[PDB]
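The structure that follows is given in the form of structure tokens.
Presenting subunit A:
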Amino acid sequence: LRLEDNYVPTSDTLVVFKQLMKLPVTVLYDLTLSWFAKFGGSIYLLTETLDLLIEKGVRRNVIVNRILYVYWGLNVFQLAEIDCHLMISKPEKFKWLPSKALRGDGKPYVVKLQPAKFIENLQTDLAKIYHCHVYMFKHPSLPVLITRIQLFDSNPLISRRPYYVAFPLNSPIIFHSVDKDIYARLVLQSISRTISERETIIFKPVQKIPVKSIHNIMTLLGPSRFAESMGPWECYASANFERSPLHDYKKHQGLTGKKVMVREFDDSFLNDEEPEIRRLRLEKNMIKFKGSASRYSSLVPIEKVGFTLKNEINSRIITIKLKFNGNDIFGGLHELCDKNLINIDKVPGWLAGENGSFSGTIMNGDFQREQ
Partner candidate 1 sequence: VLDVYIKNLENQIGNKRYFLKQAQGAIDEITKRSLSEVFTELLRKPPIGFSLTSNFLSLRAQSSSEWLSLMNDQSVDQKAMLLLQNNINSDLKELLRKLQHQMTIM
Partner candidate 2 sequence: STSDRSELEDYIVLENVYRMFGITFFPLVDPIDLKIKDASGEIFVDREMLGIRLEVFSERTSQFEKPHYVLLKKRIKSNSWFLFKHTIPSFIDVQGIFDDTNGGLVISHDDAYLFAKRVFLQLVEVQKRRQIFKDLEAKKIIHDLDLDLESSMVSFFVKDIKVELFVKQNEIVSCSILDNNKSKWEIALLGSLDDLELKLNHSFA
């Protein structure tokens, strides 16, 4: 009972219109060409009313009335393409939530899936329970393969909220849309059943707080150099300081040197102008919270972070529980350190921004994320 592409669901006309009003005209033209090449309804002759309309510079309302009232709901595939192009256009509206893919002994499993043969097996596994439709595309900028699973129900066929699962190219970490219903668990379980084909895979979740964009969750946990350093160690993930060994030795860091400010090790911060020292102090805060050089917004904004510092003084466990919030936490802490409100000589590593978008207990000086 899997749905083919030419099926027509029962969607409202005003909400498809409001969705289509959020797109530019050239993607509407390419969508018009691709849909009339695929299915059609109401070759070169019907392209003539569009090649001259956009060359004249007409409004978008005329072309969306043309693309909606010659397909007079469009289909399931066209609605999937509309919502996926909305995802590509405005990525700051969705919310992703990562989940690692362990196996067997406990070692992580790289996915390495093919976009052709994955769709039929997943749609056949999901087709035994609900009326599903699966659509898969590769993102034009990032190296991911965003899937779109939409489950239907009957009181034609009513539609539910679509559920996105984004696979990176070579990671064990799979991002999916945040939902805690029973259909989200069914789709995630069917994906973890159909991706394996050799030995069983489980999806143990790695984080509890959803991350906003897909470039942010791709920088944080996808296959990249920033996946682990992410904080004051961001000079190692972009290699600002060292060149190739075959490069010139007249311009070396050890030969030209650098300009540094002598640290204070006596606690004289609570008891309180030469703008070179001001420039070097601002550069010191920039180095501690970032790499080496707007002006507060970090590489990835993080919404919510809460630590738990468990120190131990004369055999007593002394826990404190910091709990931050906001639109960009570590840029805000950078600004507070910039107004001379937080002593940058005593800011620890985990507060500066390393192992970012994670939150957990800190025992013996070693971070360990929450399960």
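Selection criteria: all candidates are chains of the complex that A comes from, given by their letters.
List of remarks:
Going forward, a contact is a pair of C-beta atoms (placed from the backbone, for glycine too) under 8 Å apart; a residue touches a chain by one contact, two chains touch by 3 or more; residues count from 1.
Of the candidates listed (1 or 2), only one touches subunit A in this complex, namely 2. Subunit A makes touch with candidate 2 in their complex at residues 107-108, 110, 112, 114, 143, 169-173, 221-225, 227-229, 233, 236-237, 239, 242, 244-246, 249, 252, 254-255, 265, 347-349, 354, 364-366.
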